[PDB]
Amino acid sequence: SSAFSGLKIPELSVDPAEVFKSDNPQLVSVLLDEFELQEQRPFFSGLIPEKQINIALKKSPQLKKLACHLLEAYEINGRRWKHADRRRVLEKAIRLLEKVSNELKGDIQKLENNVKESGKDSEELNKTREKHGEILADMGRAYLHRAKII
Amino acid sequence: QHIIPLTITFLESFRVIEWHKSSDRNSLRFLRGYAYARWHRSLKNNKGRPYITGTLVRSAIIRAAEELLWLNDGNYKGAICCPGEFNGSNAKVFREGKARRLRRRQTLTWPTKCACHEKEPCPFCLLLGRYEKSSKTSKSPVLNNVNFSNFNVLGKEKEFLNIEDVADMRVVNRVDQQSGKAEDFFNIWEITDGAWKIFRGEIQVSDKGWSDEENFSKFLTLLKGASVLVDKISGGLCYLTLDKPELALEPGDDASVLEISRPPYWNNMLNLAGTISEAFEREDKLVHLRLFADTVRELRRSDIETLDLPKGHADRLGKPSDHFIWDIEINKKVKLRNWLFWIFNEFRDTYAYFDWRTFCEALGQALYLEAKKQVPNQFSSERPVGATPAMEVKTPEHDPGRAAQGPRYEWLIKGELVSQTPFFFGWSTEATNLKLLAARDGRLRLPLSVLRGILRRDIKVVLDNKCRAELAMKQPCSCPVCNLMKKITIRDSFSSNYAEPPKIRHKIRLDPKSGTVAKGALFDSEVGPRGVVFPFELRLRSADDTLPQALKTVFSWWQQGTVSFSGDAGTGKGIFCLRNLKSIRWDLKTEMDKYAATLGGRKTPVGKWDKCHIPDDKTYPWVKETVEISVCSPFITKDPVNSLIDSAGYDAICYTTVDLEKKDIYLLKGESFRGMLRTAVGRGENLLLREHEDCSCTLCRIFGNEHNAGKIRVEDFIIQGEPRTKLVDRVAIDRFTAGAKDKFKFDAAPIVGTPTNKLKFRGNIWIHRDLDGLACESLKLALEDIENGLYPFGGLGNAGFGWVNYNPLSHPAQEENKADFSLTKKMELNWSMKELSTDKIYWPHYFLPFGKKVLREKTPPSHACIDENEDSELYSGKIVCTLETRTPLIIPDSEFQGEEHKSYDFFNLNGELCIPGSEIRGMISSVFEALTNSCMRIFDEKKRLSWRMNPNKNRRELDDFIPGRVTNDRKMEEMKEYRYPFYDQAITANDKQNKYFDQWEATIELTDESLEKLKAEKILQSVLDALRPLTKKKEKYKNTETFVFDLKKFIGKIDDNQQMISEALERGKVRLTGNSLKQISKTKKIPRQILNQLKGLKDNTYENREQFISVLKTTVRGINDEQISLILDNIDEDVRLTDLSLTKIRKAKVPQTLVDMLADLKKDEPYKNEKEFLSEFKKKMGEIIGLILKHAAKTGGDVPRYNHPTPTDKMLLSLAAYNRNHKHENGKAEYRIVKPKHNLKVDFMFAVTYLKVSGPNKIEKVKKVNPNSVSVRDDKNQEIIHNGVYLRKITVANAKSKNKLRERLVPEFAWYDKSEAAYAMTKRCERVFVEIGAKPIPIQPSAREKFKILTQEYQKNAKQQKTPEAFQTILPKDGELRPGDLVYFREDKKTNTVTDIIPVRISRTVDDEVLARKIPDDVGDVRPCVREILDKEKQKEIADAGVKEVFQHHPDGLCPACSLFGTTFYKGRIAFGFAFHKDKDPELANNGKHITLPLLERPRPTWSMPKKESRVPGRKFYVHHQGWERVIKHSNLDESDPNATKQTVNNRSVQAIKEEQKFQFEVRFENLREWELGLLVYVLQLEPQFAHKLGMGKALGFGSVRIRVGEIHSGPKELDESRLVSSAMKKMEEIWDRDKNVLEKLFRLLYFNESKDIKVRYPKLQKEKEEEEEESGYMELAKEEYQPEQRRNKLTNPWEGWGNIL
RNA sequence: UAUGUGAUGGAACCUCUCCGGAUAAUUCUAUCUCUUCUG
Ligand SMILES: [Zn+2]
Ligand SMILES: [Zn+2]
Ligand SMILES: [Zn+2]
Ligand SMILES: [Zn+2]
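Protein chains in written order, with the deposited numbering: chain A, 2 to 151; chain B, 16 to 263, 275 to 457, 463 to 693, 725 to 1015, 1022 to 1317, 1339 to 1403, 1405 to 1792.
Mixed in with the good hints there might be a few duds.
As the list claims (entries may be wrong) - Derived DSSO-like pairs: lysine-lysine, alpha-carbon spacing no greater than 27 Å straight-line:
id: 1; chain 1: B; residue 1: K1452; chain 2: B; residue 2: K337
id: 2; chain 1: B; residue 1: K888; chain 2: B; residue 2: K915
id: 3; chain 1: A; residue 1: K117; chain 2: A; residue 2: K132
id: 4; chain 1: B; residue 1: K634; chain 2: B; residue 2: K613
id: 5; chain 1: B; residue 1: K613; chain 2: A; residue 2: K52
id: 6; chain 1: B; residue 1: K399; chain 2: A; residue 2: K66
id: 7; chain 1: A; residue 1: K111; chain 2: B; residue 2: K398
id: 8; chain 1: B; residue 1: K1522; chain 2: A; residue 2: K52
id: 9; chain 1: B; residue 1: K534; chain 2: B; residue 2: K337
id: 10; chain 1: A; residue 1: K93; chain 2: B; residue 2: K398
id: 11; chain 1: A; residue 1: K52; chain 2: B; residue 2: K920
id: 12; chain 1: B; residue 1: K550; chain 2: A; residue 2: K60
id: 13; chain 1: B; residue 1: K534; chain 2: B; residue 2: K196
To be verified - Simulated DEER-style distance windows between Cβ atoms:
id: 14; chain 1: B; residue 1: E307; chain 2: A; residue 2: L105; range: 16 to 26 Å
id: 15; chain 1: A; residue 1: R80; chain 2: B; residue 2: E755; range: 17 to 27 Å
id: 16; chain 1: B; residue 1: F958; chain 2: A; residue 2: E35; range: 51 to 61 Å
id: 17; chain 1: B; residue 1: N1447; chain 2: A; residue 2: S23; range: 43 to 53 Å
id: 18; chain 1: A; residue 1: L105; chain 2: B; residue 2: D329; range: 36 to 46 Å
id: 19; chain 1: B; residue 1: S661; chain 2: A; residue 2: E35; range: 37 to 47 Å
id: 20; chain 1: B; residue 1: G783; chain 2: A; residue 2: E35; range: 40 to 50 Å
id: 21; chain 1: B; residue 1: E309; chain 2: A; residue 2: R96; range: 32 to 42 Å
id: 22; chain 1: B; residue 1: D1498; chain 2: A; residue 2: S23; range: 31 to 41 Å
id: 23; chain 1: B; residue 1: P646; chain 2: A; residue 2: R96; range: 55 to 65 Å
id: 24; chain 1: B; residue 1: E307; chain 2: A; residue 2: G107; range: 13 to 23 Å
Because the hints were derived from the structure by calculation, they are not lab data.
All C-beta atoms in this analysis are idealised placements derived from N, C-alpha and C, irrespective of residue type, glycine included.
Produce the entire structure from the sequences given, and follow the hints as far as they go.
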């Protein structure tokens, strides 16, 4: 549904392989290391190391799409799921949200020292800080959502 | 007033609360810990010292006085007292607050005696001061009868320091006691320094208090008694001493926050960590950063005084190499070993109180932070539970009341707690994740909180209570547990016999589906040793004459050591024992003086003690059972961090612990046994993959889950006896070129274990008494499975290490064969049975071509399930095998006896010969990909070939001479032009020496019998007549040219008389020729229109010259006639010989011999042109001259041709110019021509001393020839002058007339011998490049990489060929390219760039593509399943992006060989064991004597790959023969015989086993499909016709063995051979698809040859001596039979010889 | 650096869950080396 199309359902955060059909290594790289891979046998596969256009060298723009996709699932289809399912969706979203913020905040200090000799140009800072503030908006929503359940 | 000083002396430690602002003095953090010491903070510097307020001391004195007066019925030596009030009041915690201080305990009562009122207060009321009525009064200026001042540190009244410099912060928790998990925690501060212990204050009494002498005496007596009974203040154990009663700033309450003082030199450590990380990423070894971050702490433990870090593995014979980590270059410092020492020395010099331990700790923390910042995915990280600190306090709402029960007896108990098992007390600070807590001076610490918690847990178990203490409730909790812990005092303890740093333990989490670790599963912790002594002190003050029964029961349990004290009790830690128990009882009602003498033993040690019984008790809730397991194979368990510091240099070393009561102890950690038990239970019950959140299954009950605890404790398993280690070597063998890929020698030190001499393991397992039946049955089943031998101990289990219940010699051998079937017959393989011929010599090895189809699978069978028939049936069992040798076998050991010639013994395990399983595994696997057409499991896909440029070959060479530019961008490069140079000559002197250099020997002469010999050749009589002057000349010649010239002049030169010969020759017809206009169009005189007009009458044959002249004069008109005459120069005119022409020639007074040759050259046919006739005459003259010279003098010296007196030689030899040479800037030289100016390439550089144009300069040596002769003896020297003449024939470059090899005189240098048998050198002239105006050209990046590989190739080849270092040709470079290096550049059109860089004109080509993509395109992908991206230069992009686990692996899955045997990520499903012998010492070949093997050399890849377009031939295989007898006979021979083998350093001496010697071994497998089992059985047991090949010296015929399969133990499951055979046939038909060529070739390579008449050898490069001596020689074979183009054949065809027997 | 008719903080185990695993035959023959002068 105009998404990664690898997760079986937001109710059970699983992906039954078949993610290598996508072309972007970023999509494949992330889907293998925070979701259980289903099946009862090990899965071995890969891509052809000839993919052009590079890999964009960043993770944050990718798993940020997980945050919006997971949060909207609760706000649309979260009432039918059980208590264990409700906690799993929110807890997973918080874990991925803070990782991006940690990377962005660490970039902020190392750049705030650099911007002093760059003619106080905050154009790059504004784009990054807005995303950091946008994550903090999701940070408040996630914790508040779980506090209502408990 | 009167002052009575007080003294508070702490014994071990106390607690402190930090500083708070005045507005924040009523918060939760302050009300909690209100009874602790406070911290000061001044305005000037924000620093202060702790102090004790007087209110705590007043409260303690009041409590002690209350107890004393209750115990004595209100009469303490005449001090009659009344109870008081203890109610009302307006006490406040702080003046600027409303917290209110109120009681919570019950006050004691006594009967009232005497009269007490306001006028005459009683001593108790005088101390209390209840009649002052402080209500509604501030009392700031109001006096006080009794006042308590503050208490400060004695001797440190004015000393500031800081909070972090005096105290340390610990986090302490609370345990649920139902599930052993934390619920609440908070923070504390503690002071353990010995200086900050004594506190001194004073009590001030006003004049009103001192009413008279008796009142003051009573007050002093009561105060003294109360001070005696005071026990604890501010959370510590103390005693109070009362002195004699005789005598006469701001806190900065504004807004300010400051914390996180960090530590000194933290920035320096961070910079060091950054530098180390930068170096590691520079050398791309970031996968060892965590290993280094733990190795630094290992160095912390390992001391600096005797430190010796390891080195390389000593490659070649005796030269150590560089360690992969310890020899990392860092900022032009090659040795990290020296860099670390220098950094530590600098740090020690710069800072004070700095030692090795602190530096290592800080560096380890810095590197850990750097690794976590840069190298992510190196560790696991969700921690939801274990948070929410809780502190609660509640002021009472009612009056607590009063009681009437108080203490009457006091007990003191001493003892010792000794750790019989490693312990762990976690230390965690809110602001190296876990570390063992210890004092600041290094002493290990056992806190009192842990002891009290353990005691209350045990007493609650005894009493069967369910108390949780509910933090702060409205009323005291009561109940016996708290009622007894309200009266127990426990002292803080420290280790007495240990102060060294603790060890480090590691744990991992496996992945059940793959059998390997997870992505980031790696944990570490600090662990204390075993044998540490801790003092024990207990104090019980209660109104009973005997100890409570619960305490006696707990002490009985502790005396047996049946409970755990430390944290990690799951893996059997923290077991302590109580010994030397003593006690004493005091009666405070009648023996007050005896008690007060020693203050309960906390001031003076107690004199007399009484022994306590503590009989026994068996009520404890744990059950102990012993476990014994015998291991029947060498045992290895890796300790990667320890192996990086041991000076032995071993790659893998075992784990060891320490014991304080006694040396290294070898063991298997209890964590490993717990993991094995859990895995066995999960596999048996299929619970290894179920989600374990609120599960309550068997696995979640025996071992617990995240939210619960475990019911089992596993202790360590200690080896009993005196174990010994051994060195075991390993290597990886390439499948294309059989032989080690590179220096992959792998070392290990396993404990030697044999079925006859087993290793015994002893350990304990503790299980709770509340475990249900099913869990116990599962545990028993798992223990039985482990004891049966289903799980090996430690690593390397697939190679036969650590096998349980392995006795292969119990079976009565494997006679014949069972379950035998023929794969060749059922698959209709022709096999080409053929017949062999004795008269040919065959190759020792061939190549097997690759297949077409590789069958891969995405999902192999998993490991987490014992049996799941999802797609097919899975079996598991063992196979019995037997091995015997058809030819002698060589398995060298790791120990040798010698220094120059190393002799070797057979492999053995402490005097018992055996065969390792690695060899069998390797050979079986190789045969497996041979059959199933799998991938190449070991393959050097990362390697580029070089080859060598041929001197001549459509252009042979098109390289230009160029020089590097200045210090600009390295891309630019400028062309140049080359000329001759000096600095390489022989001698410089006058012409006399040059003319005397000749005349060594070989002077040509003329003798009379030459004429007689010529007369037999039917030579012309005129030739003899003309040679008679030559006969009588009596002249000796030395050059061929002068002799030929003299012969021509004396006999007669046709060229001298050419004009009249041409004039007298008959002139005939004239015809047009296209070649005339083709080679006459150079001149512009003739127009193209004239050419077209002449071509119009094409192919016009005229009668004679007259007709052609007339046609030329008539057809061509109206133009100048000079071009008409010039056209006649190249016309084709016929030549005819007539008698009249000969007569006219004779009349011209020409020599008669010319006419004689003319007559002998009579030809009826007319010549095409005069030039043809002249060429024929020249050819005849040359033939006659050669025939004459063939009968020259017989000096036998091959008279040299005229070379030496040439002007070129004179100008080259005269100009030495050894000195006056400069290697910088433009040169100053001139072109000194030898009085002849013809063209370029003929000049020299005179170096000053035309236009005088010069630039640059070069300096290098040249090639060294190989020829055996004695010219001038001499020896090597730095003079580099030539001393020699003659030797060998120089091949001519191009030709003036004819191109042919010809002998010439050449200078040479003396042989280096002063095999040191044929050495020479030819260099005569050197090169220099002059500057030219050429635009710089960018250089491709790959050129420098090619140059580095080329330079490494020269260094390796020079080291291999043993050439002298002084005269190494070509001076290269240390690294990169410098702005000014002079190298030859090669340019093509391309994109106006340079692609390749070479140092001289003739060098190694170096390829452009890697070996990984040289497999033929008509063959399926045979690259390894686990791929490497580095085939291109894009691995850096992937590393930066981090997407490395996705681009790996073939996109289709795993090949059958990698599935069955395992890959790096998967685990193998077949295990090969050790092969033993029935007798300890089997018979040895050669009567037990050592065999001197010949020299063995490395395989050369550039023999099946001659050209750049060559493809990989295939796998390499060895044939069977009987060449070992020749090797044995050549050894054991007398030295005088030249056919013997010498004992050089490159040779080796080994021992071999005779034939028909039997060995037995077993193969264990699990989760195998039936087709895999059938194929494995067939591979192990081939047809009786064939045999295997094992061991060393395969090319010499050593190591033919045969394996017989005896039985298959598939377990309870039923198995039949028909199904196995059918499945194997189906799989083979699916794979090969009715293809037999490769199969027939493979079965031809495996045929066994027993005939003694078949000889296989090597071509033995080059052939010497006369006669034939075989066609031996790699060059001569390449010339005629094999050839480079066809060499991709006759090598893939098995059993093909190269030459016949002479 | 404390306020006097009222201090169970000795009123609280940094605890709990995790096989330092997994891959690899101690082996093995064909060249090495660049400037020669018109032959
Ligand atoms: Zn009184
Ligand atoms: Zn209680
Ligand atoms: Zn479970
Ligand atoms: Zn494979």
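Cross-check of the supplied hints:
1. For the suggested pair B/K1452 and B/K337, the alpha carbons sit about 25 Å apart, so the restraint of at most 27 Å is met.
2. Of the pairs offered as hints, the one joining B/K888 and B/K915 holds, with about 21 Å between alpha carbons and a cut-off of 27 Å not exceeded.
3. Taking the CA atoms of A/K117 and A/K132, the gap is near 22 Å; set against the 27 Å cutoff, the hint holds.
4. A C-alpha spacing of about 18 Å is found between B/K634 and B/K613, which places the hinted pair at or below 27 Å, so the restraint holds.
5. Distance check on the hinted pair: B/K613 and A/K52 sit about 79 Å apart at the alpha-carbon level, beyond 27 Å; violated.
6. For the given pair, B/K399 sits about 24 Å from A/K66 by alpha-carbon distance, which is consistent with the 27 Å threshold.
7. Among the hinted pairs, A/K111 with B/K398 is consistent with the structure: their alpha-carbon atoms are about 17 Å apart, no more than 27 Å.
8. Distance hint between B/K1522 and A/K52 is fulfilled; the C-alpha atoms sit about 12 Å from each other, no more than 27 Å.
9. Our distance criterion of 27 Å between C-alpha atoms is met by B/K534 and B/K337, whose separation comes to about 24 Å.
10. As the CA atoms of A/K93 and B/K398 are separated by approximately 22 Å, the hinted pair is consistent with the 27 Å bound.
11. For the proposed pair A/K52 and B/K920, the alpha carbon gap of about 22 Å is at most 27 Å, so the pair holds.
12. With a CA separation close to 18 Å, the supplied pair B/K550 and A/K60 stays within the 27 Å bound.
13. This hinted pair checks out: B/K534 and B/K196 have alpha carbons roughly 26 Å apart, not beyond 27 Å.
14. The supplied range of 16 to 26 Å is met by B/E307 and A/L105, whose beta-carbon atoms lie about 23 Å from each other.
15. Under the hint 17 to 27 Å, the C-beta atoms of A/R80 and B/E755, about 22 Å apart, fit the expected range.
16. In this structure the hint that B/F958 and A/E35 lie 51 to 61 Å apart at CB holds, the actual value being about 54 Å.
17. Roughly 49 Å separates the CB atoms of B/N1447 and A/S23, a value that falls within the hinted 43 to 53 Å.
18. Remark: the range hint 36 to 46 Å for A/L105 to B/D329 is upheld by a beta-carbon distance near 45 Å.
19. Between B/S661 and A/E35 the Cβ separation comes to about 45 Å, which falls inside the hinted range of 37 to 47 Å.
20. Look at B/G783 against A/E35: about 49 Å separates their beta carbons, and that is inside 40 to 50 Å.
21. At about 34 Å, the CB distance of B/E309 to A/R96 agrees with the hint of 32 to 42 Å.
22. At roughly 34 Å, the beta carbons of B/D1498 and A/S23 sit within the given window of 31 to 41 Å.
23. With their beta carbons about 56 Å apart, B/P646 and A/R96 fall inside the hinted range of 55 to 65 Å.
24. One distance hint, 13 to 23 Å for the beta-carbon pair B/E307 and A/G107, holds here, with the actual separation near 18 Å.
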